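In structure tokens, one chain follows: the form solved without this ligand.
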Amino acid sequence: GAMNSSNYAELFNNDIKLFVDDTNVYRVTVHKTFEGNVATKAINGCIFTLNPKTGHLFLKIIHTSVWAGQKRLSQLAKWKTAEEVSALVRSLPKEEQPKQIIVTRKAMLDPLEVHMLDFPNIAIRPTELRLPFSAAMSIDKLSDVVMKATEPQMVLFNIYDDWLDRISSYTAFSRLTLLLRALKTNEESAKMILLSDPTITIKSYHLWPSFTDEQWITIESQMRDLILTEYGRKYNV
């Protein structure tokens, strides 16, 4: 069924699962035409597919050429996502295939269920969590590879860097959602927080800075403060 706070430890058990987020698949800029009408121009996008236990991120880049000459792009994008997820599963050895795929928006259920009819033992599930994965494009290295791509391409990352050497997957996931929620609520402040200190750097093979245990607690506290802040500024509290 659906995925919520009562079964949240399930994400970190030993059944392979993937989250699929389609919020950045179809991306547009809206602008005025010479005649004073409005038109859209698409820009590259991505499917964000993540194993929450391992941190493995299967980032499928959606090049704008996949929309050329297509109609009803918002609907096509859900089916394109499902096709790519199905192709990914099929590419994985059987022992690496997920037992569950959890979609962050309910509109993906039918498209993915249809594309995975071949896989009746794989459960397709929604979630009641409001996960902040749409902010994935605020991670500079991810945004850079999407915007530079000249063709469809799959790029693999670990979204937890080396964190699992020191913390559990539950704590790594919680850190990730806090960081992404902050970037979603106020990207400038979140980024200032993360990079203010010039002595903490991002290793070439990582996405986030190389914080010690102590500095991650400071950082985590500052991100909570930010998410409290903007919540006041937003609601005047």
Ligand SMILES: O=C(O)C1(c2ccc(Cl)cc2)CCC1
Given for the second form:
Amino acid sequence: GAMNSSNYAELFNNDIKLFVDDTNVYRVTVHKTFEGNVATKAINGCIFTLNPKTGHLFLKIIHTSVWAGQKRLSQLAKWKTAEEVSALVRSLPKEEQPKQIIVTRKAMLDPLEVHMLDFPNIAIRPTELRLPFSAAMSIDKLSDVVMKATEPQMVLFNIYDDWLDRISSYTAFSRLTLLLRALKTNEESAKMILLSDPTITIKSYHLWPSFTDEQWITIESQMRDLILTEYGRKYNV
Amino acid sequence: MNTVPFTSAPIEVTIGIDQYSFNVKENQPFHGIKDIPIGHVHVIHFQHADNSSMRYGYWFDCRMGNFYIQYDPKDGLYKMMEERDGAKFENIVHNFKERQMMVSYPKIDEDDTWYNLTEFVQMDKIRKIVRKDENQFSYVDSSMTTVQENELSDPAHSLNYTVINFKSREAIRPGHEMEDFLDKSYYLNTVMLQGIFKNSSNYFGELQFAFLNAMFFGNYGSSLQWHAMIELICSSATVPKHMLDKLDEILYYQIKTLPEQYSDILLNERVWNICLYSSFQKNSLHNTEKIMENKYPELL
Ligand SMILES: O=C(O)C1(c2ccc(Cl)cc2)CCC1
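Could you drop in the structure for the form deposited with this ligand bound? We only have the form solved without this ligand so far.
Everything in the complex follows now, all chains and molecules, and the chain you saw is the first one.
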């Protein structure tokens, strides 16, 4: 059910829509056992649910206890995601419920369709573009609240901080995807770009530094440089 | 044995009677079909020599009345009719037999194919899928659409099969989303078997009737119905042993009887690979899997 760039504009219109990313829902470390076999240990995950227009992020924290005594966890994760998303929709006032939900992976179409049977007018469709939402765990404040969680927890963020006071949603989401793409390609260097100048800080209620318009241009350029490089490093070009 | 006489054959047409068929030439002196085995439903079906468009035909049971065929030159097709005058009908049949203008239903005494394809099919049920209550027989043709097809335009000429949809509230219990979608046993046994069909014989009868309309008329909606009903059983982890064993027999003969030349349009590759190789019942259709592999290994 995936479209082309043609309507990058459908994103930022006035129809309420949410992006659902399940990459970080089911997360493991793989290790050797005393007997020299391999075992996984689960760590906390999250559902990344984002309104691209408003920047609102509904970060559903998935505690490791949800997997206890369950089989086929990677398949269960997709259904747990669909259940949480449906619960979120049901918890919103009607006028705030999305008209459509965009899954970033095609394996979520059926778990979500089934959980949303009660909402026939909410269109479920997947991307066939490449969105970097899996890098949301590279954002320090987001990573921190997931790892510290002792129980299931829903934490609300604005992933655009205050940008919308100054730029459009279109630009705001292009900056976010460029920041996330950079973080995904070379986290260390991306984080170096963002903090090298200690005079530019991160407000306690923000996720990203308080760059001026001028400083955002420079930053965005450095992130583009980064991605282009890593592309060279990787492919030898 | 019973008889379906023909008033005449004014236009050239290939006539089918169950899985048998013979060519009749424009105004050849053809007057019907005799020795039709009592105890089974049957289908007499037609493809005009001049317009292969619209295969069409009639489901009937000779125990339910005296039936004849009459070409209608206004509507342009062979029409089944009932003769209520019993004395008149015996009279007509005896004269046509005496003049030997009837073909004999050519059953081979060792052959159980028709029974094996119509085991669970009953006229009373056919007449509920094909609603035209003034007639004791039922008309079907290539183009008739199903109730589910019209939902996604004339309901008088629809095929009223049981709607099956794996992503519906009917199929999916609130709170059991993942469970009921990956193991459809609830949907099969409680919703459909216990709720709608009442027993497995009525389920298999619709199954077989859907297959037969798909094959004899290339009715696409019927084909969709046949595949759906197989997939529901095969995707159910919990099915009565007797249902599994019968289903293997049902499907084996359907596969056995299917014209090879039609295998590319009437068999859904996805459903069959799923049923035979990925589903809960992957190991429970030995006969059906052996003939699918030996006859159509290309689909798989
Ligand atoms: O083309 C795509 O995949 C993207 C998309 C997704 C949903 C809508 Cl409504 C419109 C554009 C563009 C970012 C993902």
